[PDB]
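Asks: Residue strings, one per chain:
There are 6 protein chains.
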Amino acid sequence: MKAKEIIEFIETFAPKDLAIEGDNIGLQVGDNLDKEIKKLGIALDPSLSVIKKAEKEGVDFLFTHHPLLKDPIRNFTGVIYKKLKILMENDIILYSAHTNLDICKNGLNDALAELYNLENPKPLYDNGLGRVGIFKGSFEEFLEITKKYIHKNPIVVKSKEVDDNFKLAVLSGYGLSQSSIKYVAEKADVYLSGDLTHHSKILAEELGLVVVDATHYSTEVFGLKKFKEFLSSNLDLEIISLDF
Amino acid sequence: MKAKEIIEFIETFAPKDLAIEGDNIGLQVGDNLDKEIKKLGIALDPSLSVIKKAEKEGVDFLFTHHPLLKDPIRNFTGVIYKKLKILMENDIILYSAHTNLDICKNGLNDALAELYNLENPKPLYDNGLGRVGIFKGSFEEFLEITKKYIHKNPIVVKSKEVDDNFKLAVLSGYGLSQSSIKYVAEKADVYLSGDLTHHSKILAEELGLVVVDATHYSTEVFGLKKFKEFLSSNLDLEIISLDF
Amino acid sequence: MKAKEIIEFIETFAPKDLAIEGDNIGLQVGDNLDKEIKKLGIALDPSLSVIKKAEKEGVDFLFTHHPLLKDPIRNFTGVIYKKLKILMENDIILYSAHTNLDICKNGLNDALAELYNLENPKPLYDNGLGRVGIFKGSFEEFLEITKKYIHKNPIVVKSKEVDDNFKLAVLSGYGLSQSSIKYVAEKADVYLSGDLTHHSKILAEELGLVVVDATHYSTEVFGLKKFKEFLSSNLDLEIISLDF
Amino acid sequence: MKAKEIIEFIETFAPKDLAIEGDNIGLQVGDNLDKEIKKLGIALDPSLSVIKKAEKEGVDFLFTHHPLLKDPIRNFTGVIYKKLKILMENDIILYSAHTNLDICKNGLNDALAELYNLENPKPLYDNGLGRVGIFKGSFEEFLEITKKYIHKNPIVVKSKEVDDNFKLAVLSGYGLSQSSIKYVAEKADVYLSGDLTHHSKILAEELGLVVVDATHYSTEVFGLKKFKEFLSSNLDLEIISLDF
Amino acid sequence: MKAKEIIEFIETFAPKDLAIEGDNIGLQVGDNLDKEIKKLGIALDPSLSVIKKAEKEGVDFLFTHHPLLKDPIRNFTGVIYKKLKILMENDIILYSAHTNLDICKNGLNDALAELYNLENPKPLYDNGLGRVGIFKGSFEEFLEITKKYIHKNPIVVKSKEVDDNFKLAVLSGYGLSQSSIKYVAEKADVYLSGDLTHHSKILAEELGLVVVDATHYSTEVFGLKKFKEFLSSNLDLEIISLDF
Amino acid sequence: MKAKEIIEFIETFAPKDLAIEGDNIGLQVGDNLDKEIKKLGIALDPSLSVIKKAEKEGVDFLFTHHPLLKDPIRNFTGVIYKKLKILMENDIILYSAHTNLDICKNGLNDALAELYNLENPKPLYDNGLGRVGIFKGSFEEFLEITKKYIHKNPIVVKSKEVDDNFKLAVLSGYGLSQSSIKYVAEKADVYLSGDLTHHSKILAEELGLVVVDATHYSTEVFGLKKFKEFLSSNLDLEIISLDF
Ligand SMILES: [Fe+3]
Ligand SMILES: [Fe+3]
Ligand SMILES: [Fe+3]
Ligand SMILES: [Fe+3]
Ligand SMILES: [Fe+3]
Ligand SMILES: [Fe+3]
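Residue numbers (this note's numbering), protein chains in the order written: chain R, 7 to 250; chain A, 7 to 250; chain B, 7 to 250; chain X, 7 to 250; chain U, 7 to 250; chain P, 7 to 250.
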């Protein structure tokens, strides 16, 4: 299996056009895409220890959810120097599917929507991040599903009492920004996502939106694990995970 | 004491000139500054519940650290309508000292710098948020001070081992943005602040910067309490706190 | 009749999408739209004396042509404090139909076009402010219609002699800006609108465009009166005008 | 007297440094500044008729307060073609002192400040358009001076009653913009300027600021006439005025 | 033949919409388009010596490929004063067809594409500057065609050896910018255009794109001559060229 | 000599403060500045072939005048991948002094100013690129110096005849932009620089400014060679040049 053919496979599952404007998806680091791949590594972040571990584990193709850079740079020093040095010395390909993997069908957001068995699930935003639908059950049933499958100790901002058969909004990753709370508050009773901060918490309380922070990491890894299983089932390649 | 005279007192302590560019400091809500003040309320946030509590307790002058609005509006609906309705029905004056109170001398950042008895402390940024200096002691002595005076369970990102007599940077509030971690990594071994998120955590680990999240709330309330005592000692009026 | 149902009625007559980009139309001030309305007030401007008079006259629903704010603000002091205080203390709803009422069918611009009986009238701009068509008659017939129905002492910039059966352009409100004069000069012989200034007058003379300033107030009130009659005819509500 | 030498004289009186940012002051149209000048024409506006009149009367050097263009062009058609054609066929030099002539000492704003004998006058803005000081007398004395020296029928927006010895702000030209009324309301009881429009009128009434519109034209011609006398007294050439 | 009818003819051949965004095509200088034209002048640049020569040669209508101004101005001095003076004193019309003449059918780029007999030629950019296709022959055959019909001494940046039947990209005028080299390098083996500079040369060498600079002047004049022949064949007018 | 110490030496000669706004000076590629340097390579451009040649010759520290990137990137493919791969595999340090080396004293512009023995030389721009002064001699003496020390076949745009003792402006690199010709025409009779293009040539002819294009390459290499000798004389390490 050549590198281009792995990319071709991923892009069929999660087309790059789906990614929201400005998102740095696609090839991050690499030159020869007809190179043969004997081992595939998958990770949430293209972090320094992830890349170090990929080098140690003999990874040929490194697939990450988050891009290497979101802001363009014009100097190569410090950390990015260290990262690139390892990738280039071993000719390791770095490729990312970011929001296109969040948004696509059977993607990270769909994965959560299926975990909570939402009824008539819809995209939360038009672009089309997140899912929203009815959760058929009690708040404590919802909360135990979360504790068992996502994160053992989610932070709960219990702004209000939640009735059975409530609308649950899910967004994998960083979805608890102030503008997001305001947006989702008009569309859901409970919001499951990650990366809660003070102003977002205060805002959720005022708007009566119940927010459950299951962390950025856990809400994405859940889906990423499913995607890993999908690659394993369809690709005749060694696949390992590096940070999950 | 008239409202203008309380404002004159606060502004002598924390001049508005000190606030960073774009910060919405000063009079938030109010018209007649010759109103007499029998009771002053102080709060971290001008939240709905704080304002509700201010009304219930007969607060005349409501002082908050965070501004009512950071982004301007031209319509009055939902929460902001409710807040304004209460303030205006009782003619409660809302005044804020935000970053000018972070930056001034014996301000929120100085309060932290003084708790850890930083040696030769300097402003962390040019503008001049935060403090940085040498902590005379071990990392565990630093952490035990933190647990006792600030927050019992701070999140510690222990990127590396810390020698005694290390450079400590402190910043009250939201100081754990990605750009901030990058900046502070060049100036300190340990960074104490609030509102950690995933991308910032990964970055601190890569940079070898130790980050301690004692929460946005706690790192600012510590200083706000001292300022509350300062107001009580010098003004001859009842002073109550609403969200701390 | 509930507040939402009054809004629903106005928006059927003058859809909000019709309004030009950036125009602050719609709900200005209010929270509960299922509130019952016993008295409706209509005014050109949401001025302080208009709001004071609405409070004195027991107005429940205040409808204005001009929005309360065009530029967003983040502090509530002085005049806007005074205005909001009255509106919020009496729970008076403030709603505006601005350019959507200028542009719609049988709107303020159509009203003028029908007063002058323009033949084959067309929108003056593409967006689609103003009307333009042939006036069937002399300039002095046009001028006497204006003096009788719009304003007794219009300012006339008689740039040129005007033939019978000339093209008349009308724009209710502020239509005598420099760019507007330049635009209309290529499309009409005479331009009837409001708010003339020196540079616009000089420009009209050079371009040979005859401009008649019947004032911003009068050119809009004419149409606003018609709209008031329409609400009276169709709504079973007390309707009063506050500044006309 | 050569053109450069007239320019040198004017610029000694009203330095170009004084003009506010973006103001198109200086040489408007001209190539050879060693041309001899037998007749100098002065005007408020570089209008088509002024330039036509300049040609007819054999003006060599045309001095205007307003610039030929405020917004840049890259095509030459219509009016601007006609203007340039006349100027170039006769090699008439067009030079402007705009806001620098408003701001300088004994300039258009000083002229007004000196007519009302303002006490301890200061610049109204920081840049430093307009003047403000105490008028030693009654409002009717102020108005009678205005009617006799400036304009016989000024528009008066009598927002409130005015005590004797009030603070008067003067600004020659267009000073009655919405933002200006808001600014001046904080600094004066009465504001004298030109080019009133509807939204500015309403705002002055709300702010309790008395506004007197003596027209853009008249409030600037008053000063221009003094400057005309200054040029006659000091230059040994024929000086005529074209639009005043 | 009236001026408008010459313009109408050119615009049928090269529609103005075809021009890329921001391009200053169309009427440059002129007022009366029903003026009769007895002599037509065509030139690459509306330069001072071109305009001087047009005046001396009794040109009524001056057609240029490059516009008089690309950046708008608001002062008329120096060169532009000299140019306009001649054009306006003789009432010479200045009209330009710029990128609309580069892009249209049988335009300057098509002219080159036909000189090199490219097979299956396509627009180089989407907007739709330049042409690209297979050159049926050797590099030295290509080079001799260039030397015989375009320019005797083209600068060749021989980045690589070029095979027979290579892809040739052509762009008349300034096509050798850094971004252009990068773009074309992915689409052609050899790039024929004008205005080479150091950074563009260095870049071409790295990318292995062979660049032939036949100068901005020559690559456009070739097509301009063809267009001149077309006007001569179809218009019953005296046509002369001024700078070629 | 450690890398930091070579950097310290260069920066003493050409301070980074001197570089104009936005210029990407300093460390381009590198991580450990305590690396020992046995061989220093100097180049005009950090081109692919220069870096290839640097690797082949065992260069430890690669110093270039032009930066690696002027516009920031966030993906690593093609040429930039190849460059970084070589630099990182050998841990070759890439450092640039760009406009700061143009501007400093005895810098690239001074070198030219000193070759022509300009009298009373001053910075050409305020920032302070280029030099200008009187050349003591005839134009042919100037040209013969140019042909002997800079470039044997400079392109001369002889716009007009030049008197002896003329004002000469020199600027190493790309100084022949349209705006630059316009600027320099106001300050000098002859302008020596590099990278002439068509629109600049026409403009120089119109302005009567004599332009001599001795190429971007040659006008900068002349100074770079002197700087190379300066480094050899003061550092005790092997110094080689790669593209000159
Ligand atoms: Fe994420
Ligand atoms: Fe805060
Ligand atoms: Fe209006
Ligand atoms: Fe004016
Ligand atoms: Fe061209
Ligand atoms: Fe250079």
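Do not rely on the hints blindly, as some may be mistaken.
Repeated chains share a single entry, so a pair holds when one copy, or any two copies, can fit it.
As the list claims (entries may be wrong) - Here are the simulated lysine-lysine pairs, BS3-like style, with alpha carbons at most 25 Å apart:
no.: 1; residue 1: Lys207; residue 2: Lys62
no.: 2; residue 1: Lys22; residue 2: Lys59
no.: 3; residue 1: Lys173; residue 2: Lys207
no.: 4; residue 1: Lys231; residue 2: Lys59
no.: 5; residue 1: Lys207; residue 2: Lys158
no.: 6; residue 1: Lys154; residue 2: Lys164
no.: 7; residue 1: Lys153; residue 2: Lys10
no.: 8; residue 1: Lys8; residue 2: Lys193
no.: 9; residue 1: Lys10; residue 2: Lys91
no.: 10; residue 1: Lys22; residue 2: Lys154
no.: 11; residue 1: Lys22; residue 2: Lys8
no.: 12; residue 1: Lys76; residue 2: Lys153
no.: 13; residue 1: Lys207; residue 2: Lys153
no.: 14; residue 1: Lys207; residue 2: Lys22
no.: 15; residue 1: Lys188; residue 2: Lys166
no.: 16; residue 1: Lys62; residue 2: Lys88
no.: 17; residue 1: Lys76; residue 2: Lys91
no.: 18; residue 1: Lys193; residue 2: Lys234
no.: 19; residue 1: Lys91; residue 2: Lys62
Keep in mind the hints are simulated off the structure, nothing from the lab.
Asks: Between copies, within a copy, both or neither: which fits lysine 76 and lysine 153 at Cα up to 25 Å?
Replies: neither (32 Å within a copy, 35 Å between copies)
Asks: Within a copy, between copies, both or neither: where do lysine 22 and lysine 59 come within 25 Å Cα-Cα?
Replies: neither (27 Å within a copy, 38 Å between copies)
Asks: Given identical chains, is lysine 173 near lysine 207, meaning Cα to Cα at most 25 Å, within a copy, between copies, both, or neither?
Replies: within (19 Å within a copy, 31 Å between copies)
Asks: What label fits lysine 76 with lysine 91 when the C-alpha limit is 25 Å: within, between, both, or neither?
Replies: both (19 Å within a copy, 21 Å between copies)
Asks: Reference check for the pair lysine 207 and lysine 22, CA-CA at most 25 Å: within, between, both, or neither?
Replies: Intra 33 Å, inter 28 Å, cutoff 25 Å: neither.
Asks: Could you place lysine 231 and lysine 59 in one of the four classes (within, between, both, neither) given a Cα distance threshold of 25 Å?
Replies: Result: close within a single copy only, 18 Å intra versus 46 Å inter.
Asks: Checking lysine 91 and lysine 62: alpha-carbon separation at most 25 Å within a copy, between copies, both or neither?
Replies: both (14 Å within a copy, 19 Å between copies)
Asks: Please sort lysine 22 with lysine 154 into within, between, both or neither, judging by C-alpha distance up to 25 Å.
Replies: So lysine 22 and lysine 154 fail the 25 Å test inside a copy (32 Å) and across (47 Å) alike.
Asks: Treating 25 Å as the Cα threshold, decide for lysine 193 and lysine 234: within, between, both or neither.
Replies: This pair counts as neither: shortest intra-copy Cα distance 32 Å, inter-copy 35 Å.
Asks: Can you tell me if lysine 10 and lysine 91 fall within 25 Å by alpha carbon in one copy, between copies, both or neither?
Replies: For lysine 10 and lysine 91, the Cα distance is within 25 Å both inside one copy (22 Å) and across copies (20 Å).
Asks: Measure nothing new, just compare the shortest in-copy and cross-copy C-alpha distances for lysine 154 and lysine 164 to 25 Å and report within, between, both or neither.
Replies: within (19 Å within a copy, 27 Å between copies)
Asks: When Cα atoms must be at most 25 Å apart, do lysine 153 and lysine 10 count as within-copy, between-copy, both, or neither?
Replies: neither (39 Å within a copy, 41 Å between copies)
Hints 2, 7, 10, 12, 14, 18 from the earlier list are contradicted by this structure; the remaining hints agree with it.
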